Amino acid sequence: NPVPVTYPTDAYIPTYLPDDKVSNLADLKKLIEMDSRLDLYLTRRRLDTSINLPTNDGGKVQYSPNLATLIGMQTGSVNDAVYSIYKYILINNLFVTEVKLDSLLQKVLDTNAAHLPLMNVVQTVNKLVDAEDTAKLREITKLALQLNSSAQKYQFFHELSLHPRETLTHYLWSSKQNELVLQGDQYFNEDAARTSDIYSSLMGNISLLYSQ
Amino acid sequence: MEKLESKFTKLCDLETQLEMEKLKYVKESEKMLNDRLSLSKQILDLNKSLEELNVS
Amino acid sequence: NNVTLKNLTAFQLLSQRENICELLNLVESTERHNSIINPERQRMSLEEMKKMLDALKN
Amino acid sequence: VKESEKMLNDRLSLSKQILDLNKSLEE
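Protein chains in written order, with our numbering: chain X, 2 to 213; chain H, 59 to 114; chain L, 632 to 689; chain S, 4 to 30.
Simulated from the structure, these hints should not be mistaken for laboratory data.
Do not take every clue at face value.
Stated by the list, open to error - Taking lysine-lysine and the BS3-like style, the derived pairs with C-alpha atoms no more than 30 Å apart in a straight line are: (1) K9(S) to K80(H); (2) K128(X) to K101(X); (3) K80(H) to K68(H); (4) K65(H) to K89(H); (5) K80(H) to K5(S); (6) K137(X) to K61(H).
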């Protein structure tokens, strides 16, 4: 899960500006898409796969003379041990698909059950042996919001040129409907709520409360 | 443009890292090929010497 | 963060009035335009492109 | 990889034969 942050990470980079007055905006879109393709190639090579130790201080382990018959070697890392043991369980077709233990596995495991899960098999196997990019991504997302602000002011004044009668009545109604919201919490301030001046709808409320 | 050059030098480094990884699959596979050739030769000599003896 | 109804409603009015009082030519906002176009970022950035474009030719 | 799997299978199938060959020690 991705961690939530306290600052905006990206911006939409609006596209309602006239593409015949402001130029090179398509250049910006091409550059952003190219950077979006220049890191999909990096994240891929961060999950890169490598095959460097099929067979090839605590990285080297001496195997027992018993397990040395299922490996072909007497020393090597633990990775080679678990891998070659799995390869031996796979080549001889021992998994039940119609693990069924072989004859030499009886000795290497010191078990006569002749049938054991693979989990226990590898259990016995063990038993036998960066900062500047954040500033750049905040500086860029600090300009695509300034662009997203100037574009909004252009959108407002351009939509004011066309239909000014429609925008002005909206501004006057937003004003007459927002100056009322901001003047709704000036009644409770602890220096005008104990002076008995606002207690002489705070009277029908006590009727509803007492009934409640 | 500056962020692009920043994410571009990463590729400039990754190219050398990839070609170095590629140069590790030519000096290592041929070693196993030579080991297999030596193994087949000495196993031929060993099986011949074994057949010379009574046990076979 | 930590925005509320009052902090948002008082922000919408500030944005509407900054524009309306600018239509009436009552607001002077030259100390805000002298942060985008007038600073040397309009010329020094071009003086950085004038050399990056030439570095990109070899 | 195509060469490593060949070497691994022809190395794990050679000890299964070396063991039973050493088992022939009565001659």
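Going through the hints against the structure:
In summary, the hint linking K9(S) to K80(H) is supported, as the alpha carbons are separated by about 21 Å, within the 30 Å threshold. This hinted pair checks out: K128(X) and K101(X) have alpha carbons roughly 20 Å apart, not beyond 30 Å. At most 30 Å may separate the alpha-carbon atoms for a hinted pair to count; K80(H) and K68(H) meet this at roughly 18 Å. Taken as a hint, the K65(H) and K89(H) pair is broken in the structure, with Cα atoms around 37 Å apart against an allowance of 30 Å.
For the hint pairing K80(H) with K5(S), the CA-to-CA distance comes to about 16 Å; that is within 30 Å, so the pair holds. Proposed proximity of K137(X) and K61(H) is supported: the alpha carbons are some 7 Å apart, at most 30 Å.
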